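Omission of a single protein chain aside, the complex is shown with its protein chains in their original locations.
In this document, chain identifiers A, B, C and D correspond to the written order of the chains, with residue numbering beginning at 1 in each.
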């Protein structure tokens, strides 16, 4: 398990696996009906605001959460372990944001004309590949936020106690593991840099309200997953963990400026090799 | 030929081919008359907006589509195939956007003075070179969008069924191939990262409504098309596929802020070599 | 030891230490109460403005200060010294800025709708690793600013005299050392480039009032601390000094646009090796 | 001089030539008088707008044109040719844009106060070095634009016929050579990527109306002119061609927001070597 030896050679010593992770912006995949809520799939529901400085209770379907998948690798067996060497990853569908013919708040609000305002604002892109769940560190805007006690994993879920003022900075007690898809809000749970020895993660954030969204995509870019010692994530029990979130901004409706988060799916193609371990 | 062998040497073992792909923003090349619609060539027609949350019917000539060309390579036939090594590509005509003396919405709307507002807003630049058609993955803003059944290839064209809520995220069923110029809307069809083993594509997106357009151009830049194994796209049946879209933003008229998409043509110069295959 | 010799080899000759430094934006860690002030931890209190050109008296809890920590390394004693080779550092919690459901100034102020305006504006990111306290150089916007005498270390604290007009530019008399956490205002005290021979510091500033905050984070980036001669900071008396400030911008309230600074915590993982010295 | 052989060695086998090209924004160098039009030298005259969708008649002195110069090299004549190896090029005078004390549209228009608004907006920087005139490809915003017949070289000058709708995209008929300084409008004529085998060009465009101008300048940067085969432009008949345009944006007056283009001069220092040719 611990001591890393030579690369295994011979038939089937290398494998490639691919997966797509759909975004988890708030509306679940079901109901599928385009008149019963399914029309919001790929988006959050309308963001609901605090009613006072002491009453902030966001609905679960307004909170983007981490996407995750655990993939099973070919059975193995000094022992052998699968080692993640590299990944090609791509966020797909930015071209869909060129739809400016819909019924969003129009650019000319005097005549109700122009174009349907495209998705704009705060953007958040993180992906990770590891041999165990992504380790998470909690940190919130407001320790007083009344997150729901059902259907979501928050700091109180883990500690069994209300949040404290330290949860607005780094409180080492407030940790979790990304072990469920669509359950851990991204405004609460961050990659833990004090752990994640067996995972590589890459994140970026751009804020603002009207910020132009930016994205690049190509099938020619490889992300190396080997550490400073030439060792990739080692997959415990032949399980490979993929984690991501890809927020593009908000669309804004014609009714009291209601905002809906927009997310996009992420492709992963991971190259793995067998590694001798002791 | 699946197995890639040595490079072919001797007379005419290397070739160089060039092409330009004109943009397909909505107005077709004909009619040519500058009073009958030809004056909009290089642009879309005026973007028409949804009339309700459930009534979004964009006209075909308001939707930018993929440009594509299939080029015939010198005849050949252990067999030989043409291998695309590199490409020099350039978007031509950004200097034309320095025309601020026209009849667009003026910069001083109070007095109808200043300059004619230049093209601004959302921008989209993708090119691809491959030995078969570019593989496409469908993904839309709104699965309820009522695209025309004739004159465009959309998800319904492929599936023979209405779009589903999954089409707003990644639905593996919604796939196509870029086999026709000016027919596949870019707000629907994206490069499929799960396929395109024999094509290289490079894309970028910048959104917003008044975003400054940015472009670089030079005859000194070479894009390598060789993969991680040193193998370029292999041209099946001696056909080379070029695909692109180059949206610079919109111009805005003096009449109810009507927007017209602006596109620019793309130059390709591809270097190819003969490769032994079996 | 001033003369640097060979690296020490053998058992325990290399060590790794980690720490997090919480931000010091103005509100202290106590009281912890989420009603009596603890709700502002990780933030400043409401920024108070000058009442005239000659009356600028900022409150201590409105002034972000440097974070610092002195870490004790393993006992060592031609002598040996600990040498800081490299650091992996990360600013944690940018995802928490995606909370736009609170009670900040809303994006639609006419109807009190839209979203809770996220953190925006001036940003400041500096970190340092050294074998002694970070050397500081004073420089202020206004030498007339009346800082509190107690509770902050300012130029007057050091000189025992009022600031002079030269303190608005570079005055070599106005120097200090970063020897206390949460005490040295970042609008006064800057890394001194004329000293810090035994410290590496890295800073950036982005100004403005509504500027989108930008942050990257990954566990794959290593910052080398070796100088041009291959020598890292040497830890005097086995003490390692970490210093930082990470301002993301301000939040704005619904009452007279009151601004509160937002800061985020910084993780450090330092690799050290024993060095022979004479 | 088709087959390129060895480099020539010996006395005077390498040479350096320098030149500055002044901008050609619309006002000619004469009259010199600062009351008769000379005050506009370095700028365009006030941009005049179309009066309808079918009446766009820009005046020649409102249209920036390409700068060019043909330089004579030392006499030479297996023959020898001058080969351009590299160029150091710089745009001079960006500091002059720090003049915000003039009579431009003020930053506070409510009270007519503040500062004189500095040059802002669309920017266009292109330079070329070659052994023959820069090859130009025509492309316009509007094929209906009524350019003057005398005083500018436009598409009609070349074809002897009105522009066609194809001229709004890539029309290979619409070609020219940059053989005159201050005559070819940059909104019409672009470097032709299908030609220019013996010229290197480098261009960039940034659009918008109030975009901050950006410029870097240093005497430490060398641009290599050698192609992929290590051969620079070969100077036919010992003539070296320099081409450029450097638009910084517009100034805006206090009278009906009249805009004037601003251009800056470009320095070139070219290193050339003698090459044996057959």
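We take it that contacts are C-beta pairs under 8 Å (C-beta built on N, C-alpha and C of every residue); 3 or more make two chains touch, one makes a residue touch a chain.
Contact with the chain that does not appear here is found for just one residue of C:188, C:234, C:244 or C:270, C:188.
Only one residue from C:20, C:41 or C:124 touches the chain missing from this view: C:124. Residue-wise, the contact with the chain that is not shown comes from D:218, picked out of D:9, D:78, D:218 or D:229. Touch with the hidden chain on the side of chain C covers residues 47-53, 56, 58, 62, 64, 122, 124, 126, 137, 139-145, 164-166, 168-170, 172, 186-191, 193-194, 196, 199-209, 211, 227-228, 247, 250, 252, 256-259.
As for the chain not pictured, it touches chain D at residues 18, 20, 22-23, 29, 32-34, 38-39, 41-43, 88, 90, 92-103, 106-108, 111, 113-120, 210-220, 222, 249, 263-265, 267, 269.
Please note the rule applied: only the chains that are shown with their structure count from here on.
Taking the mean of the C-alpha atoms as each chain's centre, chain B and chain C sit 47 Å apart.
Centre-to-centre spacing of chain B and chain D amounts to 29 Å, using the average Cα coordinate of each chain. Each of residues 211 in chain B touches at least two other chains.
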